[PDB]
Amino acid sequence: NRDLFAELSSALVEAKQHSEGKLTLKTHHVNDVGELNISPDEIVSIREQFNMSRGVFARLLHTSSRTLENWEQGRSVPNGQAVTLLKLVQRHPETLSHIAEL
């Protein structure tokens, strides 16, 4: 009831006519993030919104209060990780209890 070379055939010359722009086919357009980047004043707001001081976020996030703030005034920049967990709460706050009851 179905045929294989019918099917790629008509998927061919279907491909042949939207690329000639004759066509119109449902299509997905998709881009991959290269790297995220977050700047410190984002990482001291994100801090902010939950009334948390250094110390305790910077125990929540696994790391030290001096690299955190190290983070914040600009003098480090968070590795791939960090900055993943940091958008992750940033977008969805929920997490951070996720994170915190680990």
The other form holds:
Protein chains: 2
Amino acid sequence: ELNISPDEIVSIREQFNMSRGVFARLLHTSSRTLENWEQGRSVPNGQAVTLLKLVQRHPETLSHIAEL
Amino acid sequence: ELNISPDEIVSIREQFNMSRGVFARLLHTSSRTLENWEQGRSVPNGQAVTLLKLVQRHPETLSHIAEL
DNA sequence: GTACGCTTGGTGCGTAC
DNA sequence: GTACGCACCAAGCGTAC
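With the form deposited without the DNA done, generate the form deposited with the DNA bound in the same format.
The complete assembly is shown below, putting the previous chain first.
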């Protein structure tokens, strides 16, 4: 039952010192959609929650995504 | 933009020799939603596509999801 | 398995500030 | 960055087979 708050989403990419645009691009995610999540206008879908928590635990995941 | 065909999704799972229910569980995904993807009813969302492709390239990603 | 109908709300903008 | 409106359709069923 994974979930993630708007503040947690922001704190992930601020740990990496990445802007919203940089982080969204490296996550193969629309920056406007990421804006929705960080502002709290909608709940991210289940796989987006999994992906965010994966990247947080294993930041090299961003490199694996770039290798797809 | 990453794409994945319904047959591609099934073969990822059949690599692990897992039923639709088992694979959806380890991927923190509704088994009925996965049914939509494998039948071609719907296009998986962008983060779902990324997750599936990570798993296809790195099977250990499945175990990493369980650590979450 | 397969397939189709349904409600809900996320997606991904456009726009203004 | 903030916040709101909008169309489109994915999500996650319930059901029939």
